[PDB]
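As structure tokens, one chain now follows by itself in the form deposited in one PDB entry.
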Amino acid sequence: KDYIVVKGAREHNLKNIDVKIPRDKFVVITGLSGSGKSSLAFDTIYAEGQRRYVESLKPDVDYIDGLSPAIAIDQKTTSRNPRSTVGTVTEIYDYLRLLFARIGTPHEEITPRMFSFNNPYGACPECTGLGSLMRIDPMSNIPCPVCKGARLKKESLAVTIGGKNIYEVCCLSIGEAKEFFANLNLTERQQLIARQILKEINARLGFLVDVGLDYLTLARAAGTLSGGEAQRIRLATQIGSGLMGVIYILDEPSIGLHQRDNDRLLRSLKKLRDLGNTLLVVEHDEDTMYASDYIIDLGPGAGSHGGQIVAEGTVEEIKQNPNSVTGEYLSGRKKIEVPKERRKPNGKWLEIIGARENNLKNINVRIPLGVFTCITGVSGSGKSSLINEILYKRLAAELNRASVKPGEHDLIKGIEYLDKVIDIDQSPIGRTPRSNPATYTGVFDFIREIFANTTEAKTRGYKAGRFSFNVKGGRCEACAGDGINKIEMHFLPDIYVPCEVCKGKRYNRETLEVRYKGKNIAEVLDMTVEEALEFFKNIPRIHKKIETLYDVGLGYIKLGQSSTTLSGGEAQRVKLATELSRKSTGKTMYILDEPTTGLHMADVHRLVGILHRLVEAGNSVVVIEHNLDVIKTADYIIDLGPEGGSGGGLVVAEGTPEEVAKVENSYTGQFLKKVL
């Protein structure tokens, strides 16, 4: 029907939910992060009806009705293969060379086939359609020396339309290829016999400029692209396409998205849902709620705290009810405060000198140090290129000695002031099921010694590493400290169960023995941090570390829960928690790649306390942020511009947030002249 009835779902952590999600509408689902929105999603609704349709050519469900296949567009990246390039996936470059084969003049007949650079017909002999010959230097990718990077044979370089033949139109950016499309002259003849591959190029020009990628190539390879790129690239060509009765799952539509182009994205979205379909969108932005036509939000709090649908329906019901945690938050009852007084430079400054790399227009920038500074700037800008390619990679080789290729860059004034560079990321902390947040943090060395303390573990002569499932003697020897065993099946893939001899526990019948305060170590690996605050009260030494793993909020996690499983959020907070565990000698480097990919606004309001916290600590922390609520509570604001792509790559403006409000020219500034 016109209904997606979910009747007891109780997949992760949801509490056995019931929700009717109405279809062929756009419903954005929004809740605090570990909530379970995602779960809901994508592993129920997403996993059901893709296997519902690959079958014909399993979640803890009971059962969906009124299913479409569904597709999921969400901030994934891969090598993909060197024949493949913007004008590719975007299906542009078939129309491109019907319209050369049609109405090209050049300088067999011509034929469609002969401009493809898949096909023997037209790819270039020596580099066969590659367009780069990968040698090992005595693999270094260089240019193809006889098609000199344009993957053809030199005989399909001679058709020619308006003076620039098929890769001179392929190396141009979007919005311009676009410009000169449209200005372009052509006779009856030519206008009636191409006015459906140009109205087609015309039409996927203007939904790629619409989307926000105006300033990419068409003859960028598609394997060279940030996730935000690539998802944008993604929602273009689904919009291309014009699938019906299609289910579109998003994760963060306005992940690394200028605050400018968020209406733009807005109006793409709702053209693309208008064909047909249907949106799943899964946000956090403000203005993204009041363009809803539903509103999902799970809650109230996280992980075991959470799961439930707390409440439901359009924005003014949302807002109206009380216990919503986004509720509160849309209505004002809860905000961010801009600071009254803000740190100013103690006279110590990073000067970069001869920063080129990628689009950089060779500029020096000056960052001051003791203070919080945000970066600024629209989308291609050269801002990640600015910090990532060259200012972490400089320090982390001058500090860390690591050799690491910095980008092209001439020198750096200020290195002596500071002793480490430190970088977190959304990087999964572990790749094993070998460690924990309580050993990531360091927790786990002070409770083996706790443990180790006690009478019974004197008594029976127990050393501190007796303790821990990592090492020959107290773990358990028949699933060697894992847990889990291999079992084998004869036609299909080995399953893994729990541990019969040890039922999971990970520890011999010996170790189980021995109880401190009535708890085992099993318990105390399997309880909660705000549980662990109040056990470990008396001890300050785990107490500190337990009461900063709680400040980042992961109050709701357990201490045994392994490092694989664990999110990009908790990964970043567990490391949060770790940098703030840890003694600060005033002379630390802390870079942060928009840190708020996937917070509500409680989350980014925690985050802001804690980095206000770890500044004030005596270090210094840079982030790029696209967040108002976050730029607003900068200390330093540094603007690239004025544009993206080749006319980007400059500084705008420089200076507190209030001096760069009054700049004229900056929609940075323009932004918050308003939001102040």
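Residue numbers count along the first chain shown, from 1. By rigid core we mean the largest C-alpha set that fits within 1.5 Å across both forms. Compared with the form deposited in another entry:
Only one entry in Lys405, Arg401, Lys583, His490 has its C-alpha moved by 2 angstroms or more between these two forms when the rigid core is superposed, and that entry is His490.
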Contents of the next structure:
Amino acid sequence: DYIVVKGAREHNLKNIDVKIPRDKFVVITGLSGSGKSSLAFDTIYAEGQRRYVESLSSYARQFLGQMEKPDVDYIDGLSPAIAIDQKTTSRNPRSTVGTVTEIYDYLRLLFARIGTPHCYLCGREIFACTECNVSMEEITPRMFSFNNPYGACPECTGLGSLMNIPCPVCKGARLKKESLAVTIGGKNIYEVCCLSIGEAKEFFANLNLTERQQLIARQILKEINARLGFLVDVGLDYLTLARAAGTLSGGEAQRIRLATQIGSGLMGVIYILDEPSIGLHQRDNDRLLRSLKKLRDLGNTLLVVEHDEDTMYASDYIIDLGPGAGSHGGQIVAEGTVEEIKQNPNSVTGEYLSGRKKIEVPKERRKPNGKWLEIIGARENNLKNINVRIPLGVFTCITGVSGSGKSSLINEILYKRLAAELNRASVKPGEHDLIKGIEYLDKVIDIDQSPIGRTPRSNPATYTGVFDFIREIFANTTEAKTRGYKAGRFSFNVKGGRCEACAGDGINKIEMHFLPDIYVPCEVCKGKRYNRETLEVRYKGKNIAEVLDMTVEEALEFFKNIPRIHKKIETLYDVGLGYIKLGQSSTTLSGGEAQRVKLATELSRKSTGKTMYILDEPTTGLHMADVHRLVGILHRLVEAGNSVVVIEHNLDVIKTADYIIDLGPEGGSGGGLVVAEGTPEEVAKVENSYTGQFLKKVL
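Return one more block: the form deposited in another entry, after the form deposited in one PDB entry shown previously.
Just this one chain is shown here; partners and other molecules are left out.
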């Protein structure tokens, strides 16, 4: 009844042991990069998945790949583990929302059972019609499926789009003309799938059937209603069953997977979730928590990595890691219920939970200086031809419920148009007329969690530009002048100073007969990426490799004398990356580390006062202290004369914003409008706004 883990030394874990209770709601918390995500996914999920995959067939196990064995002594009390995260892929066009949620099969069964046959030539009711003289075969569930030759459209082989343009025959219905003739309640299968989830649930609720039809089709109706209710309680009440799976975002895919797992009813499975509440409005938090509790009540163990206060208060057991990040983290500081953590004096989460540390609402807010950005005729996706004014020089937050269209309206329209107008891009913008006020801006930079590189030749030091200064100060030493060296000698990108064996990468590729490529450190350079002649030069007792190896915190004291390097190192420390090292490969950096590197690079630049920054959910996977630091950094950037636009669902970040734009009042076809605009105080006075109500409650 316990999951005993001993000798966990994965990544930065400091040889810790823990006993996680089974069949309970367990939440893991900690600072960003403190090792909680590693401790969960790389140890427990990896072991649970491997112990089940290895027992399967040899062909399937090899096809799925060989998961790396975690550095753990022994794990006791383990079950097969399923991980849900925002890591979806396009996969294939054959899969849609209905197929993933396993409701299309029930729809096919219902249409085969109580469907009403019809003639596609004469339009009358029917197994043959005396008017059109056409004979039809027996009704089977296989006919309504587009994955079989009996029902798939012959022109587009049941894909709905010739390889992409829509199929002219079925117009994307993915089914034969004869199959679509069968209609239930005046709507065929395609029309039912085209409806929204809530609309479909309402239609099924009030559907009228005869006594025989109700008697024969009851379990199917019950299952369909239960699955639709699960989907609604999850939060995706605006989606359509006919939507392709690839087009869904990470959060939508994760929530769909959660709903499918709830519907399946699997028992004795360890579920590991990575921030289920991300990309979700505050009003859906209670429903999400209820859904999580319902999933747990099926006989499953829940391991949720969430920093939400409501999730903390609704959990059974909380495990806190820290007290810092990187080399300062990897230890269990607090453990117990929420009350024990709140009373714990050495817990980072408890300090914010008890109210000792909190984000203070500013007493003064900036005002626009007559410069505005106007968007005219925004009609992309569900936008109802609205016009929005975005003030310049202030901190602007775009709020609204999920599916309101804020992410599309920002990313696919404003950022694309600004990039085309300023950076001379080659990407088609969204459906809009024109943008007024572009001349007030000079450049636009988008900050996200995408990796900063794909090769080991890119490092945070090189990205921030401090590597050039380091090379110059190394070449300015007495030894370099004596030996006639150049500033480019101390670089792993130009031949002459780097090691020729690994070409400056520091690693070598070894190919096995029946195994994938394995990367090992270079033997000639011992992973130092430099030859002996270059490494012979030392400045202040340290060489170039030693300088690259040390962390930002050590570099702060080491480079106190040089002001130009000191400024960049101080910026990197202020963006919260004091534990990282300058020589770390960009391929190993996480999303948060890459975002912090980009923020530090933007801060170090000489702002001209005509720069616009766009951030899409910057608080993904961030603790309360990380949120406070990010708010401070954003406020500093705004005070630097630039403009910041952030799409955020966190109330703490929202309450500190200067301008708020609300999109709603619902999601999907029910949204795309503008509800409230202005300062947070003004928005809090709007009655018909959920964000306004939550802001009024917070303030």
